[PDB]
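For reference, the structure I am asking about is given below.
It is the complex with one fewer protein chain than it really has, and the rest are unchanged in position.
Chain naming follows the written order as A and B, and within any one chain the residues start at number 1.
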Amino acid sequence: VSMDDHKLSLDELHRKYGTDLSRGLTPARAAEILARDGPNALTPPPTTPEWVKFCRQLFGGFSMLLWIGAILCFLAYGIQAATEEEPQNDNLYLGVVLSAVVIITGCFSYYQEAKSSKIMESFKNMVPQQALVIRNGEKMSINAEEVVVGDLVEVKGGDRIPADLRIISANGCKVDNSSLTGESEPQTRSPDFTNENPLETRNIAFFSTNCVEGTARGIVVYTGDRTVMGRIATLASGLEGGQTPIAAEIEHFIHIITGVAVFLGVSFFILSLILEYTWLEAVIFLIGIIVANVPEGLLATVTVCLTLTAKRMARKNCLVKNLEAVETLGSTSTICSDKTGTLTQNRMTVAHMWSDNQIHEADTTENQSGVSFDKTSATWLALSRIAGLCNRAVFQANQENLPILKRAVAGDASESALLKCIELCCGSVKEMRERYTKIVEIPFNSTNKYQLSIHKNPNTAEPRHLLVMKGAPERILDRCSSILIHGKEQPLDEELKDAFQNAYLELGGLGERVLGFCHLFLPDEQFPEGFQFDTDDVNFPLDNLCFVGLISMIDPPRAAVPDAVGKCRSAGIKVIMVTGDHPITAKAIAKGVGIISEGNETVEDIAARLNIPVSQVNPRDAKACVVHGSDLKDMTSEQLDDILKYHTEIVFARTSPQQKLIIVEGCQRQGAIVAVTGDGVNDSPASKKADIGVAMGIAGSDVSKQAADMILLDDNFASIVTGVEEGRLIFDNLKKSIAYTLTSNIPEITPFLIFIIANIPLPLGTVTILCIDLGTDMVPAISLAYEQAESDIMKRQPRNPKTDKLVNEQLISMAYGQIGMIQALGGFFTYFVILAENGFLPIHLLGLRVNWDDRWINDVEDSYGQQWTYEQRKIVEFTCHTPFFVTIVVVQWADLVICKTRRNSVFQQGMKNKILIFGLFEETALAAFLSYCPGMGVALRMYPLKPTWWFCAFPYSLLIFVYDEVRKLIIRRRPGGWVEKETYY
Amino acid sequence: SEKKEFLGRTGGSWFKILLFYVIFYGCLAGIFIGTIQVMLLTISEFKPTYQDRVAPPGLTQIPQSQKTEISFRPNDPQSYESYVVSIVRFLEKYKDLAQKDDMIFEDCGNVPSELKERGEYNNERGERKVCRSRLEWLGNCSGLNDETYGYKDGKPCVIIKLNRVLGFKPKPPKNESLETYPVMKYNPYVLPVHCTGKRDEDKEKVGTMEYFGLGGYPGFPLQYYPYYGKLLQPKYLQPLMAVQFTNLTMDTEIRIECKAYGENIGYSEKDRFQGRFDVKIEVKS
Partner (left out) sequence: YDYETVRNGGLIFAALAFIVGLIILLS
């Protein structure tokens, strides 16, 4: 169905789109087209589903079971009205309460959904994308929404293609189609058309794809809504999975809980049939048990956690795409960091140089006045010539009246620094671009590690084209066969290579990036003037070049970085630098920001100290280490495993992007969760494979900021730290609540089982059970979410998902075998005191149901020889049920402040949460209000309480309080742990 | 699958876990029994902590109710044995050989006496004296009543009882022509019981009014009460009354209500057993 005009020639493209091959478009015209077609962002869907979506959430589980139970209650009440005459309210009330619970739950989940979606919507507009258009002959980095149809647009590697373009000029440009093809493989891009099909041809770039490598420039054939790709981004697109660790353990818990609640359910239904209860009562009992063992609250709780973390991330500017991933970030036991742009601020100005076996400097003040060595030397003229010609960046439009240091530049940090330094120290770079006409070009690739240009011979005595090339100083040193000395060539010596290395140490030691520079006055006889040049095929010799010299600029880390690394290494998170920059530079930066600490010598430092060859030094004797990319290339999986495992502080240097990838994968080969922080396009493969990816929103590329799970809109590295901290809290808070809810279960289930063992009068009722499970688990389980991380300071190092989850099998042992049991024996005690206080000694109480539950036998005798009627001893009964509710409410206090803190005693945590206190007080108020309102003895069978009955419960709750802090004090004193290994949440 | 040996099940000894649990649970049980025995402070063996819940006593019956109903035929001994064995079982404790001299029984008046209080609830005295009730009291209706027998010609006797609430003293109401018309009821020391059947608008008057007991008075004498508890007064015996319908129109069920009027006694709405005694009577052939 797609149509196109790609077949149309560049001059027919000229006439059709009235633009310019290189001069770009008129600003006036660009505003006219902007006013004509409107912003080039796809008109969004509806919303799509509005607030009616809340209905589904109101319908859905876990409340679904509450809904089935409620409708089963109303059904039961209808059946009870039909059969026999029944004054009792029974269910009815029950189904009402259940429905109300569901509705309230829905309000919660919808509220937290509202906050979370407001945040996630603000995050989309916090950072707008941008496009590099060409207008008035000059380049502009304008907003991505302001690109018009038919203006020229450049798209270096690492950028998203801002609209659908017809490539009129490109070099080595491999774009990634990704979504349009479904293929991860990059596809080359040239001005020539190859297929009638617009999707497969190479002259057509399209929206929502990104240029992996090389450079290109094209006229915008399609803007905004009506782009070739613009149909699938809304007509079929959506959220595409899949799994999230914390959420996965969440669902696993849900399946487990469902399983136990239904097993107990049917089991207690057969017990009901053996108890000879009526079906009308047996189903209500079933509903009771199920609604009991199943935490409604886990869901709303989770939503709470998510929303909270979202607010907190909103406050420190770090965007997270996937909320759950924040937890993943906490679980990180190894951060892999790129150096330039990441640990550093990717802002640079040239400080030092090296030519003619001499160290020169460039003044950085104002000034710049950077020579300071010899403005007249010829070797500086060649150096400056390379630095200017080989540089691809230029100043942005309307920037000429500003100081060179202070004007806006379109290019990477290195080339920008060069640009400013030549434009200031020597002369106008643009003028020397125009002087030395660039005939053919090689794009810059990280993979390639170098960049070079071939320009004409404007000089009268250069009787041929001139090649220039800058890059990794070592590749340059390799490729050369001679060096310029005072303007006169001279082959490479041992002396020259030694001075090169010594100067590289001297300048790299200051943590300065060391760009190497060389050139080649090509042999005349070898080629004529109109010789065809080949970028795809290497027709041009890269060897035997003429070395010129070195240039270095100071690279300052961001302020927060050393502190961040400090916190993470304080966090038991291994910090590992992975850069393709200089081995010496990355070592220095590492020492600086604390990836490598003093006193931890590398093998080479040891070889220096001990005056012995590096190979003689025991590699295990060594703490830290730096790995050269070349060594990495020849690494077996096993040897990387070794380096990674046996060395504490690790810095990878000279690494290819795939080597970043393999590094991360080696960290994943250890079983460890890894984070990846970066900026560059070449970070993307590394930050993809990661368990959690982080990228600069400013300094980052479009590809790597796409790929990442977390974007720092403020470029603040420290945001990672709080990030992981949040992720602990989530993993921490959730677990806490879980603990609490389970402790509610045992004392709800036990009475029906003790019921079987001896004919002991009913200690609680179904209505009493739901009373507990609703008053005692709605508010509190949610309130747990609001607690801050105790100490928490983890380090204690992040726990393996394999070691312990959100639902530890150990958690259930002190949740059921410890707390639950106590709440239970408390309940049974209070019940025995009630029944004792009414003439029925506890010893007398077993064997009673035989006549107790018997309706027509009113001759029941107690220990004091009193004859009780059915309705009297039943009143007594419901007055034993009522406190069991109240009493567990009393004991649930303890559990709340116990689950409030996992680590340090509840005194070190503080009271903090108002929702927790709110939970205590409104739990108690619900108890009271349930027991003393009129008609409650009839409605929910809740007969009012004798004052003493409230006090009965206390001892046990105190046993809880004491025990768990005897516990927490044992954690405190010893980490060896006996219970740490048995009763840790 | 649970791997073995190298794992040794889910872990090797693994003894101190079981030990920490039998220790902690024995501790928690020590706290449970501890709390159970301190609350066994306790309550005086002489009285329940709270009588308020026993309320005014409900009105009980001896021919053991099935569903508060009685349906049977004369012809089958088995038809009535269901009520016979229960009436004989209950009245086994009332045998004249069971009531004996040499304590704790002492004869009390054939004529119904004054409120007899054995003393304080304290245990300064031993096993306190208990007035005994001979089977001869309930009777009349030509020849004999009890123990039972069950002839159709009318009905077999329906014996009626009152709950034995600890230390309860029965109060007969004073008046001048109460809502009830209890016939052979003397004003003091009486506990009135009278039977009316099936609502008010449709009395149907299907049952004739005849009752009998101590002094031939159709109610309870205040000479037995108050009870001093199964502890202070084991082998005590409770006052006994008998309700007998001479006519009961064959082959029909008919609800009848035995109210026990008084200030001390109270009717409950939802408890049909409290302060009154409802029963469905139906004899058939």
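Here, a contact is a pair of C-beta atoms (placed from the backbone, for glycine too) under 8 Å apart; a residue touches a chain by one contact, two chains touch by 3 or more.
Asks: Would you mind spotting which of A:867, A:931 or A:983 touches the chain that isn't drawn?
Replies: In the complete complex, the chain left out is touched by residue A:931.
Asks: Which is it among B:50, B:90, B:121 or B:267 that touches the chain not included here?
Replies: Per the contact definition at the top, the residue touching the missing chain is B:50.
Asks: Which residue among A:922, A:980 or A:982 touches the omitted chain?
Replies: A:922
Asks: Check each of A:14, A:433, A:435 or A:946 against the chain that is not shown and name the one that touches it.
Replies: Going through A:14, A:433, A:435 or A:946 one by one, A:946 is the residue touching the chain not shown.
Asks: Need a quick check: the contact residues on chain A for the chain that isn't drawn.
Replies: Against the missing chain, chain A presents residues 914-915, 917-918, 921-922, 924-925, 928-929, 931-932, 944-947.
Assume only the chains that are shown with their structure count from here on.
Asks: Could you please state the distance in Å, as a whole number, between where the Cα atoms of chain A are centred and where those of chain B are centred?
Replies: 74
Asks: Could you please specify the touching residues of chain B with respect to chain A in the complex?
Replies: Going by the criterion above, the answer is residues 16-17, 20-21, 24-25, 28, 31-32, 35-36, 39, 42-43, 47-50, 53-55, 57-58, 60, 65-68, 163-166, 227, 229-231, 233, 236, 268, 270-271, 273-274.
Asks: Taking the touch rule as given, give the residues of chain A at its contact with chain B in the complex, in rising order.
Replies: 87, 817-818, 821-822, 825, 828-829, 832-833, 836-839, 842, 856-859, 861-872, 875-876, 879, 946, 955-956, 959, 978, 982
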